[PDB]
Structures are given as structure tokens and as C-alpha cells.
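**Student:** Listed below are the residues making up each chain.
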Amino acid sequence: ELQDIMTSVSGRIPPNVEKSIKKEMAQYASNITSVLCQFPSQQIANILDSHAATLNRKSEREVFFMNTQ
Amino acid sequence: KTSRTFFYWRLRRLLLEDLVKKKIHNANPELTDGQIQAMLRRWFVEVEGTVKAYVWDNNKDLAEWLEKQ
Numbered sequence: 001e002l003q004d005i006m007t008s009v010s011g012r013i014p015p016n017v018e019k020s021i022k023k024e025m026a027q028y029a030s031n032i033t034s035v036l037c038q039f040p041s042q043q044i045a046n047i048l049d050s051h052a053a054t055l056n057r058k059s060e061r062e063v064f065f066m067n068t069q
Numbered sequence: 001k002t003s004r005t006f007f008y009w010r011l012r013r014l015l016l017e018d019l020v021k022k023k024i025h026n027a028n029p030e031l032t033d034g035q036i037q038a039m040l041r042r043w044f045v046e047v048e049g050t051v052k053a054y055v056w057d058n059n060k061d062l063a064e065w066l067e068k069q
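Residue numbers (my numbering), protein chains in the order written: chain A, 1 to 69; chain B, 1 to 69.
To be clear, the hints were calculated from the coordinates, so they are not data collected in a lab.
The reader is advised that the hints may include incorrect statements.
Heads up, simulated BS3-like pairs for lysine-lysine below, C-alpha to C-alpha not over 27 angstroms straight-line [as the list claims (entries may be wrong)]:
(1) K22/B x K58/A
(2) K19/A x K60/B
(3) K58/A x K19/A
The whole structure should be built from the sequences, with the hints applied where relevant.
**Tutor:** In C-alpha cells, the structure reads:
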């Protein structure tokens with residue numbers, strides 16, 4: 001699901017957000033086939049919410065909104 | 001003239017936000033505030049719906065929501 005969606009949202013992307021998504025899909029993928037392989041939910045949400053921490057004073061935030069959504 | 005009403009509802013929710021966020025930092029003190037700000041919005045918008053997103057800027061309804069938690 002993160003392959004297929006992040007392929008359908010590979011563009012329109014702020015490269016901080018592109019390198020973040022593309023690395024971290026890369027390492028769900030890196031961590032697949034481990035016996036102890038998990039999704040990094042809290043991690044992805046918190047980081048995104050770091051760049052919401054920086055963008056958020058202006059409500060001008062709709063590409064970013066669209067990556068955080 | 002309408003400043004009184006405004007200040008009542010906004011502050012009451014500001015305080016509520018302060019108090020709940022206090023609960024959250026207590027929940028995990030190491031996590032930063034900025035991400036927490038957005039996070040609170042995220043938890044609100046997630047649970048209650050985008051329809052109240054703008055409502056976040058509506059004192060009463062956000063006020064109404066914060067008490068109701």
C-alpha cells in the first residue's frame with residue numbers, strides 16, 4: 001500500500017518530503033522479510049509533524065497538508 | 001464590542017489546550033512541543049473530522065470539543 005500509493009504520489013512533492021518518503025518506504029522495504037519487521041507509524045507521524053512544526057503558522061500548507069494527509 | 005465574547009471562548013480553549021497538552025507531555029516528556037501542537041490538531045481533526053478543521057479557529061466549537069474529552 002505504501003508502494004502503490006507513494007508511486008501515485010511520487011510527484012507534487014516537496015523534496016524534503018520526497019526524500020523522506022522515498023527513504024522510509026525504502027526501509028520498510030529494507031526491513032521486510034525480517035522476523036521482527038514492523039511499520040514505523042509513530043516515527044513517520046512525528047517527523048511529518050516536525051515539518052508541520054516549521055510550516056504551520058500560516059495555513060498555507062496544502063501541498064504539505066497533502067503529504068501529511 | 002465583540003472582543004469580550006471572543007476572549008472568553010478563545011482563552012477557555014487555549015487553557016484547555018494548555019492543560020491537555022500538559023497531559024500529553026506528561027505522557028511522553030521527551031517529545032517536542034511543536035510537533036505536539038500540530039499533533040493535537042491532528043488528533044482533533046482525525047477524530048472529529050475536517051469539518052471542524054476551520055472550527056479550530058472557532059472558539060466555541062473547539063471550546064465545546066475540548067471540554068468534551
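**Student:** Take the hints in turn and mark each one as holding or not.
**Tutor:** Verification of the supplied hints:
The straight-line distance between the Cα atoms of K22/B and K58/A is roughly 24 angstroms, inside the 27 angstroms bound, and the hint therefore holds. With a C-alpha separation of about 40 angstroms, the suggested pair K19/A and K60/B falls outside the 27 angstroms cut-off, and the hint is violated. For the hint linking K58/A to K19/A, the alpha-carbon distance of about 24 angstroms falls within 27 angstroms, and the restraint holds.
In summary, the structure is inconsistent with hint 2 from the numbered list given earlier, while agreeing with all the others.
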